[PDB]
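When you get a sec, could you build the whole thing from the sequences and use the hints?
Number of protein chains: 2
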Amino acid sequence: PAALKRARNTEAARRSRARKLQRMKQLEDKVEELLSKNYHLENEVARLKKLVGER
Amino acid sequence: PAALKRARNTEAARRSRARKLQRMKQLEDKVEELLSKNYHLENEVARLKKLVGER
DNA sequence: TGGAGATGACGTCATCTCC
DNA sequence: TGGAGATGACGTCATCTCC
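Those sequence lines, one after another, are chains A and B.
full-length UniProt numbering applies: residue 227 is where the first sequence begins, and numbers increase by one.
full-length UniProt numbering applies: residue 227 is where the second sequence begins, and numbers increase by one.
Where hints are given, some of them may not hold.
Where chains are identical, the list cannot tell them apart; a pair therefore holds if satisfied intra-copy or between any two copies.
[Claimed, not checked] Think about it this way: if two alpha-carbon atoms lie no more than 27 Å apart in a straight line, the pair counts; the simulated DSSO-like pairs of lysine-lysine are:
| hint | residue 1 | residue 2 |
| --- | --- | --- |
| 1 | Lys263 | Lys251 |
| 2 | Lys263 | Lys275 |
| 3 | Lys276 | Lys263 |
| 4 | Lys246 | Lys231 |
Hints in this document: simulated from the structure, not taken from any laboratory.
If you want it as structure tokens, here you go:
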């Protein structure tokens, strides 16, 4: 009966919502990570720049 | 009547969903941007590294 | 104040994409 | 194949957070 097609999907719907919230969270975390790897890489270049050649 | 509290919220609900999809999209785009700024900054350091001092 | 609007999380339906 | 499961987008309800 209808009942069971609905039951089985309410749950496929619940798992699905949970994956989406773990996707959003990873992105939020990675933007943040790449933003800090960048500050250090842009300092590194500044440092080596004021130095290459020998001064 | 109830009717109108529901009407007004169905719409606050529609705007809200649209903001969320523009949030997800910006993150997707920025992870990507910071990943390419990084490849170039890690090449830059490699280049200047094999050079500082003079060789 | 209390009153409005924004948002989580639900359940549903219609559509896709697979073995 | 067709049959199951994953997903968009809806509408709703209960809760928050503000001026």
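Hints, one by one, checked against the model:
1. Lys263 x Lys251: Result: close both inside a copy and across copies, 19 Å intra and 22 Å inter.
2. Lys263 x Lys275: both (18 Å within a copy, 18 Å between copies)
3. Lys276 x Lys263: Result: close both inside a copy and across copies, 20 Å intra and 21 Å inter.
4. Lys246 x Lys231: within (23 Å within a copy, 29 Å between copies)
The structure meets every hint from the earlier list without exception.
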